[PDB]
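Student: Here is how the chains run, residue by residue.
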Amino acid sequence: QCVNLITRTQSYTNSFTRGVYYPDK
Amino acid sequence: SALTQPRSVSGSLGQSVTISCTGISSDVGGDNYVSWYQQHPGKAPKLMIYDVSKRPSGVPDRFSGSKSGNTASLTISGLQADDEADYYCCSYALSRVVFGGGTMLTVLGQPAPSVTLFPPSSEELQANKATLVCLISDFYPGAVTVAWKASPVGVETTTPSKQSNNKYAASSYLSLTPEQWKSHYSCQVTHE
Amino acid sequence: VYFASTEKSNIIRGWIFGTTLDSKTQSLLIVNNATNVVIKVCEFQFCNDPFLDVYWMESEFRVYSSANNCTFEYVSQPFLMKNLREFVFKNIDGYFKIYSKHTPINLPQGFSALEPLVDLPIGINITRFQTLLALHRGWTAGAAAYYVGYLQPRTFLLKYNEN
Amino acid sequence: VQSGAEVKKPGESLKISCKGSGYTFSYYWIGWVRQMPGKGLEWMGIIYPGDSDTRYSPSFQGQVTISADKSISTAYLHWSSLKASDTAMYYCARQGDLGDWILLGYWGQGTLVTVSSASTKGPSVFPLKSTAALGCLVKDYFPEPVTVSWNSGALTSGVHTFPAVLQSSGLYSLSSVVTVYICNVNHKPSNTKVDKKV
Amino acid sequence: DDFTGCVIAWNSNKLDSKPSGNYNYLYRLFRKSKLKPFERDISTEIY
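Top line first, the protein sequences correspond to chains A, B, C, D and E.
Per PDB author numbering, the very first residue in the first sequence carries number 18; after that it's consecutive.
Taking PDB author numbering, I'd label the letters of the second sequence as residues 2 to 9, 11 to 31, 35 to 57, 65 to 72, 74 to 80, 83 to 109, 114 to 130, 133 to 171, 174 to 176, 179 to 209, 212 to 219.
Taking PDB author numbering, I'd label the letters of the third sequence as residues 91 to 145, 152 to 177, 187 to 211, 216 to 246, 257 to 282.
Taking PDB author numbering, I'd label the letters of the fourth sequence as residues 5 to 9, 11 to 30, 35 to 59, 62 to 72, 74 to 111, 112A, 112 to 139, 144 to 146, 151 to 199, 209 to 226.
Per PDB author numbering, the very first residue in the fifth sequence carries number 427; after that it's consecutive.
No wet-lab data here; the hints were simulated from the structure.
There may be inaccurate statements among the hints.
Examples of chain B residues toward chain D, derived with CB under 10 Å [what the hints assert, rightly or not]:
{"#": "1", "residue": "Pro50"}
{"#": "2", "residue": "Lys51"}
{"#": "3", "residue": "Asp56"}
{"#": "4", "residue": "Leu156"}
{"#": "5", "residue": "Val180"}
{"#": "6", "residue": "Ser197"}
Subject to a maximum C-alpha distance of 25 Å in a straight line, what follows is the list of computed DSS-like cross-link-like pairs (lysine-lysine) [what the hints assert, rightly or not]:
{"#": "7", "chain 1": "D", "residue 1": "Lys221", "chain 2": "D", "residue 2": "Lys158"}
{"#": "8", "chain 1": "D", "residue 1": "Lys20", "chain 2": "D", "residue 2": "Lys95"}
{"#": "9", "chain 1": "C", "residue 1": "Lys202", "chain 2": "E", "residue 2": "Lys462"}
{"#": "10", "chain 1": "B", "residue 1": "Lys207", "chain 2": "D", "residue 2": "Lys158"}
{"#": "11", "chain 1": "E", "residue 1": "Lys462", "chain 2": "C", "residue 2": "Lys195"}
{"#": "12", "chain 1": "C", "residue 1": "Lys195", "chain 2": "E", "residue 2": "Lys458"}
{"#": "13", "chain 1": "E", "residue 1": "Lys440", "chain 2": "D", "residue 2": "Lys24"}
{"#": "14", "chain 1": "B", "residue 1": "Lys207", "chain 2": "B", "residue 2": "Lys170"}
{"#": "15", "chain 1": "C", "residue 1": "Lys278", "chain 2": "A", "residue 2": "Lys42"}
{"#": "16", "chain 1": "B", "residue 1": "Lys150", "chain 2": "D", "residue 2": "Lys82"}
{"#": "17", "chain 1": "B", "residue 1": "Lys170", "chain 2": "D", "residue 2": "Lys158"}
{"#": "18", "chain 1": "D", "residue 1": "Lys224", "chain 2": "D", "residue 2": "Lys144"}
{"#": "19", "chain 1": "D", "residue 1": "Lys82", "chain 2": "E", "residue 2": "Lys440"}
{"#": "20", "chain 1": "D", "residue 1": "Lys158", "chain 2": "D", "residue 2": "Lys225"}
Using N, Cα and C, we set each Cβ at its ideal position, and we do this for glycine too.
Construct the entire structure; sequences and hints are all you get.
Tutor: Here is the structure:
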């Protein structure tokens, strides 16, 4: 089926130093 | 790998039948490398079902196939008398042609065997021979028994016949000496 | 994109990847269920609000309507089975790279490098993505929060310690 | 139409043929598939009308070679140091515009090669209350492919031929009936024809 | 641009060609933009 049930809101947050990952192994 | 097929099936007139086909391999490029061939007993084979996603030319629409994983099936509808033939599935994904174990399509339907007796000829009696031939034909079921009476009586017989008139036929050739034949026979046939 | 979520109730169960999401082109569908997760790309017909209806029994795939012309399928161990989970998805020269690493928290300060977990080639155009919310079915109410960050070509100077 | 199968011994390098029509022998693949009595089809290999890029089966790499004739569009096969298990119904098949290059679109007629060493013993015919039907009997013959006709084939309706019965001494025996008369028996391996009247 | 490997290619006129016309092979001639390296496009939309 296809029913519209889930709702979502928007907000902002400051990412200080997140998102770092190993570029190579 | 070897393709596995049922040795014999039992269909019916007007009903449908599904012939199984397992062991089909696949390579890079597709998985629909499945083709069926129709070979009548004692006749020339004819291409019947290939590329089941499509429909061959000249083949009636009552023939179709399906695919489910490594197992394929041949859906045949409208079974008739002339539909009795051999069918084999083929797999050519790896550029190698392989065939199944052989399938025999048999149909059921409404079926008195003809019982005739012939005495030996004079040419056989002159050669010190006496062959008693009891001919059996015109019977649809595959149940038949040949026996003679002397007290019960080399002797050979063949139950299956050749596909010429869509009817089964069996015969037995009792070889005895003329001295023992003239000293006394009757043919006993058992049928459903 | 950069996906992060601190929901410690096992709600996020995969991500949808595609460019049109109307069964016109291939689309990557990820299902991060309890055990033996499945990753299959096909021509799914995604709904307006896709979700998983757990009924226990797994969901009956209410996300897509039908999908038959598929090309690739991948099955492996679950992905990261108050804890914070971070995810990074990149699609470079057809290869889809996944980075993830769980770090317990008390987005706080500090550094926590992510580890490459799954790298599989897809060779498809990915333009839009949407998360999946898990719920039980009379639908059971629930809430969830997650973070979304867009990646950009950058240059970092990494410092490696003695370990 | 195909050539007959003469009784040969293992090691005489026999040859089979098949005649096809309805296509151009220029760029269509063509091969041969045998069928032993009691089993299914067995694909051996195929040949191309131009550069003969023959691809033989792994079980037929050094057992049979393709020597088809291109100038007459008639296929041929060559053997060397044959065996007793080589008796099979060879079917000639071609590519055809129906499927792919390996797919077999059409098939030939098929000829069952017979291999034996019983010196090709000559057959014998013997005659036989219904009158109304008559019949004849054929005994003392080792080769199986023996046909019986009535008046050189003048009567076709109401005529039936029963399969031969294997005797204990290795020979066979055949019976035939006709709706009512000279019965004609032809023996191909020995080229002997015997006539009998009931 | 950083490809590493052998680009193996050979002639297959005797296998992937038929006199009656082997139309089972298609190719995309029109597209909205240039294709990225290692990308597949199977859509049958009209451009």
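Student: Hint by hint, say whether it matches the structure.
Tutor: Status of each hint after checking the structure:
For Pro50 of chain B, the interface hint holds, since its Cβ comes within 10 Å of a Cβ in chain D; the closest pair sits about 5 Å apart. For the restraint placing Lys51 of chain B at the interface with chain D, the shortest Cβ-Cβ distance is roughly 7 Å, inside the 10 Å limit, so the hint holds. At about 6 Å, the closest approach between the beta carbon of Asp56 of chain B and any beta carbon in chain D falls short of 10 Å, and the interface hint on this residue holds. Here the hint on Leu156 of chain B is kept, as its CB sits about 7 Å from the closest CB of chain D, short of 10 Å.
With 10 Å as the threshold, the beta carbon of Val180 of chain B comes within range of chain D, its nearest partner Cβ sitting at about 9 Å, so the hint holds. Annotation: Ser197 of chain B was flagged as interfacial toward chain D, and the flag holds, the nearest CB pair being 7 Å apart, inside 10 Å. Proximity of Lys221 of chain D to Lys158 of chain D is assessed by CA-CA distance (about 14 Å); at most 25 Å being required, the pair is judged to hold. Restraint check for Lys20 of chain D and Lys95 of chain D: satisfied, since their Cα atoms lie roughly 14 Å apart, inside the 25 Å limit.
A hinted pair counts as satisfied when its Cα atoms are at most 25 Å apart, and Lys202 of chain C with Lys462 of chain E qualifies at roughly 17 Å. For a cut-off of 25 Å, the pair hint linking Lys207 of chain B to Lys158 of chain D stands: about 22 Å separates their Cα positions. Restraint check: the Cα-Cα separation between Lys462 of chain E and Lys195 of chain C comes to about 14 Å, which is no more than 25 Å; the hinted pair holds. A distance of roughly 23 Å separates the Cα atoms of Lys195 of chain C and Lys458 of chain E; the hinted pair therefore holds under the 25 Å criterion.
The suggested pairing of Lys440 of chain E with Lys24 of chain D holds, with an alpha-carbon distance near 23 Å, which does not exceed 25 Å. This hinted pair checks out: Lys207 of chain B and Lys170 of chain B have alpha carbons roughly 14 Å apart, not beyond 25 Å. Distance restraint check for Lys278 of chain C and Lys42 of chain A: the Cα-Cα separation of roughly 15 Å lies within the 25 Å cut-off, and the hinted pair is therefore satisfied. A hinted pair counts as satisfied when its Cα atoms are at most 25 Å apart, and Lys150 of chain B with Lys82 of chain D does not qualify at roughly 55 Å.
With a CA separation close to 24 Å, the supplied pair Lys170 of chain B and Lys158 of chain D stays within the 25 Å bound. With a CA separation close to 19 Å, the supplied pair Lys224 of chain D and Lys144 of chain D stays within the 25 Å bound. Taken as a hint, the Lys82 of chain D and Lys440 of chain E pair is honoured in the structure, with Cα atoms around 17 Å apart against an allowance of 25 Å. Distance restraint check for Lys158 of chain D and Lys225 of chain D: the Cα-Cα separation of roughly 16 Å lies within the 25 Å cut-off, and the hinted pair is therefore satisfied.
Consistency with the previously given hints fails for number 16 only.
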